[PDB]
Structures are given as C-alpha cells and as structure tokens.
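Incomplete set of chains, arranged as in the complex.
Each chain carries a letter (A and B) given by its place in the written order, and its residues are counted from 1.
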C-alpha cells in the first residue's frame, strides 16, 4: 500500500497495538479490517 | 458521548485492544486519542 509505505508504515490488523499511538495512522490505504502503523511501533 | 453510547459502546484509549474487532466502531464522537468499543470489549 503506497500511502501507508509513504508514511514509513506497514499494514496490521486494526486491534494490533502500535506504540506510541501517534505512529498509528489509521486505515490509510490498508485493507478493510487493517490499519497503518509506522515502523518502530509495537 | 451520544453517538458512541448510541452504538452500545464506550470510549477507550486509541490502542486499547477491542475483540472481536467488529466491536471497535472507531473514533465515533469519543475524544481525540480515544475510540468507541462495544460494552464487553477485548
């Protein structure tokens, strides 16, 4: 997903914890029932 | 909050795990950095 990758992120299931919450970018262009979190997050 | 409550949810921090994920209704009208999950969630 181009836009998630552009933000430095990857797609994960929407309930996956991404820390800090600022690195969780929301759905972006990930699929339905996934969200985009910045690499480094957890 | 009206809309979250109307869905039968409550507000929780943005990264709180809410399972099943269909019980997570996203931000709704919770505060910034919070999200609405159906009562009984995660």
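Assume a residue touches a chain if its C-beta (ideal position, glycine included) is under 8 Å from a C-beta of that chain, and two chains touch if they have at least 3 such contacts.
Chemist: Given 2 placed copies of the single sequence, give me the total number of copies for the whole complex.
Modeler: If we count every copy in the full complex rather than just the 2 shown, we get 3.
Operating definition for what follows: only the chains that are shown with their structure count from here on.
Chemist: Quick check: how many Å separate the C-alpha centres of chain A and chain B?
Modeler: The mean C-alpha positions of chain A and chain B differ by 18 Å.
Chemist: Quick check on the complex: what are the chain B residues that touch chain A?
Modeler: 13-15, 17-19, 21, 24, 33, 42
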